[PDB]
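Okay, here's what each chain looks like letter by letter:
2 protein chains.
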Amino acid sequence: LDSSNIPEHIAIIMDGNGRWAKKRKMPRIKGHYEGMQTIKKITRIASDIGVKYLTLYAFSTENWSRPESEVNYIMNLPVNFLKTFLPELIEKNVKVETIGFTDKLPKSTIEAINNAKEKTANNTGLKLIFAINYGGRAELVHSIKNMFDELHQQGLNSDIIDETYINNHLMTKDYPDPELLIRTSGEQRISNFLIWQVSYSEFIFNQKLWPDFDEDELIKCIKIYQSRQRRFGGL
Amino acid sequence: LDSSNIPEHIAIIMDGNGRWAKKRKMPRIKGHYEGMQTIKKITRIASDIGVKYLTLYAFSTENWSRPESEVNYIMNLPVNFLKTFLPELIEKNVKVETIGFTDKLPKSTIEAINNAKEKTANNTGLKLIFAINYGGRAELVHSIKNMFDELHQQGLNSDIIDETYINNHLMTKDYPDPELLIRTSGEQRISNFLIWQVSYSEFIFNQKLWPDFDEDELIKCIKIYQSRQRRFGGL
Ligand SMILES: CC(C)=CCC/C(C)=C/CC/C(C)=C/COP(=O)(O)OP(=O)(O)O
Ligand SMILES: CC(C)=CCC/C(C)=C/CC/C(C)=C/COP(=O)(O)OP(=O)(O)O
Ligand SMILES: [Mg+2]
Ligand SMILES: [Mg+2]
Numbered sequence: 019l020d021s022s023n024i025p026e027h028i029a030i031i032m033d034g035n036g037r038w039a040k041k042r043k044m045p046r047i048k049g050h051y052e053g054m055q056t057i058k059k060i061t062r063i064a065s066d067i068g069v070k071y072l073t074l075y076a077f078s079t080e081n082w083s084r085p086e087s088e089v090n091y092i093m094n095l096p097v098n099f100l101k102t103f104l105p106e107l108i109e110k111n112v113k114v115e116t117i118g119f120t121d122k123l124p125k126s127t128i129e130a131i132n133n134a135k136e137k138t139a140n141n142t143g144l145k146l147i148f149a150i151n152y153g154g155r156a157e158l159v160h161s162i163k164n165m166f167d168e169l170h171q172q173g174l175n176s177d178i179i180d181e182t183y184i185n186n187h188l189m190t191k192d193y194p195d196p197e198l199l200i201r202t203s204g205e206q207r208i209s210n211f212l213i214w215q216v217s218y219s220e221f222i223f224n225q226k227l228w229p230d231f232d233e234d235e236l237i238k239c240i241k242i243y244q245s246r247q248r249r250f251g252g253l
Numbered sequence: 019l020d021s022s023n024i025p026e027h028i029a030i031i032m033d034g035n036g037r038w039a040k041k042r043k044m045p046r047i048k049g050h051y052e053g054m055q056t057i058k059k060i061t062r063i064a065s066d067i068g069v070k071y072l073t074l075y076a077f078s079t080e081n082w083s084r085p086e087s088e089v090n091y092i093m094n095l096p097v098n099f100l101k102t103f104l105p106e107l108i109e110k111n112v113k114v115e116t117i118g119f120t121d122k123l124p125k126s127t128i129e130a131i132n133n134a135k136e137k138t139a140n141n142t143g144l145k146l147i148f149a150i151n152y153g154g155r156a157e158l159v160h161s162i163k164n165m166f167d168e169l170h171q172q173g174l175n176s177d178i179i180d181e182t183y184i185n186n187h188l189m190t191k192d193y194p195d196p197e198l199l200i201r202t203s204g205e206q207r208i209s210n211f212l213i214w215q216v217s218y219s220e221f222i223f224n225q226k227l228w229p230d231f232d233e234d235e236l237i238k239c240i241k242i243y244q245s246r247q248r249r250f251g252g253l
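Top line first, the protein sequences correspond to chains A and A'. A prime marks a further copy of an entry chain.
Take the first sequence: its letters are residues 19 to 253, numbered as in the deposited numbering.
Take the second sequence: its letters are residues 19 to 253, numbered as in the deposited numbering.
Chain A extracted, bound-state conformation:
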């Protein structure tokens, strides 16, 4: 890797958990258990190579359509993840954050995530950002409702609204846009993830199912990214 060109913000769509379990004739939830564990692997390497922000698509606003047993299992898994891994996150200087409508989560999940946020609030290393009950269209709807009230309450007109003003009212207002979006499993689509923020991101569609995605694969994606030629509409 060119150590002077580590991306600041990698976003990942963690797809293929279900297929990983079905290849092994196991229930879909087993694939989610293993995908939860794989988050720990990827968090370690991203932190050790100096990525600043890692956003993971854990549960979309459309995933409520799935069987309740699967929704409940995914929504409970942060409790298991933090019980075993929070001490290492604190020691590695990682700061835990979320984006999405996290008030809809089980109360025990809200409590475990709030505890992890408070215990890492002053950490200055990798920001590990879980997008949970998150979707780009609903993010924009919410941000638009807030900008409408804010401008009216500040006695302002919509002439102030520009692309920059929108950036600063999104759930991702404190993060740069990702340079790199990775999706595993070989699907080629963004599925409502960060749709405003990925306007000029490089995309990598990695063929491994998420539970098989490991440190070496992350490094291979970064090396591919370092070969891309970004132009932002110019020459």
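FYI, nobody ran anything at the bench for these hints, they're computed from the structure.
Incorrect hints may have been included.
Heads up, the list lumps identical chains together, so a pair's fine if it works in one copy or across two of them.
[What the hints assert, rightly or not] Result set (DSS-like, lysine-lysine): computed pairs, CA atoms no more than 27 Å apart in a straight line:
no.: 1; residue 1: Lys43; residue 2: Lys135
no.: 2; residue 1: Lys137; residue 2: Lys191
no.: 3; residue 1: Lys135; residue 2: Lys122
no.: 4; residue 1: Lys226; residue 2: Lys241
no.: 5; residue 1: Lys58; residue 2: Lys163
no.: 6; residue 1: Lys163; residue 2: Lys238
no.: 7; residue 1: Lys110; residue 2: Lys41
no.: 8; residue 1: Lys226; residue 2: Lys238
no.: 9; residue 1: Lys226; residue 2: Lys125
no.: 10; residue 1: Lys191; residue 2: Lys43
no.: 11; residue 1: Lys163; residue 2: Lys191
no.: 12; residue 1: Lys41; residue 2: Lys137
no.: 13; residue 1: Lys135; residue 2: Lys145
no.: 14; residue 1: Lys43; residue 2: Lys70
no.: 15; residue 1: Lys145; residue 2: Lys238
no.: 16; residue 1: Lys145; residue 2: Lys40
no.: 17; residue 1: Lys58; residue 2: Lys238
no.: 18; residue 1: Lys70; residue 2: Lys145
no.: 19; residue 1: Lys241; residue 2: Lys122
no.: 20; residue 1: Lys40; residue 2: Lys70
no.: 21; residue 1: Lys163; residue 2: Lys48
Use these hints to put chain A' with the ligands onto chain A, whose structure you have.
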């Protein structure tokens, strides 16, 4: 092709014109001339197989950064395209439309496009939609400014705003979202194209440079699309 599953709306990022000319040691504008001609090829096949909407990314809000000679050439090419091809568009029942901030175009280009719009306004076949001076972030900024005024002038609160209401205030309010987004040249990014509307589109990153993209290649992309398994967040 499965004739019962022709996508209704294909969106295409027409990339690689510059590289096509540079491979031949020709100026970049020559590649744009040839890309203009290739639009005619693709319009014919899309219309003959029964695609309903074809949106082409002709000039982005970021492409103003490019050399003025190149911007002027691209902005003038619709005049040449319509002079030679408008009669065939009228006979093929195609309806010409645009999205973007088309008031910024040369006056002779505005006149030629307005003439083509008027002469095809009642056509019921393929909608051939040029995205010219178009970008998804600026589209959203403009739509947001309009929704803020509309709600205030109708004595409404922002509680009405939902994903549907946004769809109905975009430049693409009269089009379904594309099932398929194709980008030529092997770049893997969306570059501000239709960023709200492609939330669940299938992506195909075709390796041909745009002037080499032909009917056979379009049909191959549709056959790939017909093999994709779309899930919209569910199982
Ligand atoms: C700390 C924390 C957030 C833990 C929870 C992590 C976790 C298990 C997120 C689920 C991610 C998800 C919906 C993957 C999609 O694979 P898929 O089900 O679509 O797989 P398929 O396409 O092969 O069926
Ligand atoms: C009717 C009508 C709208 C005519 C005009 C069509 C036309 C020539 C559009 C230009 C499309 C464009 C900016 C392609 C990008 O290739 P690129 O310049 O980025 O190629 P490169 O990446 O290989 O340099
Ligand atoms: Mg999936
Ligand atoms: Mg290009």
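A quick look at each hint next to the structure:
no., hint, in the structure
1, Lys43 x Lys135, "neither (37 Å within a copy, 57 Å between copies)"
2, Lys137 x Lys191, "within (22 Å within a copy, 46 Å between copies)"
3, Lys135 x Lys122, "within (17 Å within a copy, 48 Å between copies)"
4, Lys226 x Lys241, "both (16 Å within a copy, 24 Å between copies)"
5, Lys58 x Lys163, "neither (36 Å within a copy, 43 Å between copies)"
6, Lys163 x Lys238, "neither (41 Å within a copy, 43 Å between copies)"
7, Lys110 x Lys41, "neither (34 Å within a copy, 49 Å between copies)"
8, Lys226 x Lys238, "both (12 Å within a copy, 25 Å between copies)"
9, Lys226 x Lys125, "neither (33 Å within a copy, 52 Å between copies)"
10, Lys191 x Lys43, "neither (42 Å within a copy, 45 Å between copies)"
11, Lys163 x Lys191, "both (16 Å within a copy, 20 Å between copies)"
12, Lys41 x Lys137, "neither (38 Å within a copy, 57 Å between copies)"
13, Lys135 x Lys145, "within (11 Å within a copy, 50 Å between copies)"
14, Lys43 x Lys70, "neither (38 Å within a copy, 42 Å between copies)"
15, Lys145 x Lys238, "within (21 Å within a copy, 42 Å between copies)"
16, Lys145 x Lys40, "neither (32 Å within a copy, 42 Å between copies)"
17, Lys58 x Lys238, "within (18 Å within a copy, 40 Å between copies)"
18, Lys70 x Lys145, "within (6 Å within a copy, 44 Å between copies)"
19, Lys241 x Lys122, "neither (38 Å within a copy, 40 Å between copies)"
20, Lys40 x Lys70, "neither (34 Å within a copy, 38 Å between copies)"
21, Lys163 x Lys48, "neither (39 Å within a copy, 47 Å between copies)"
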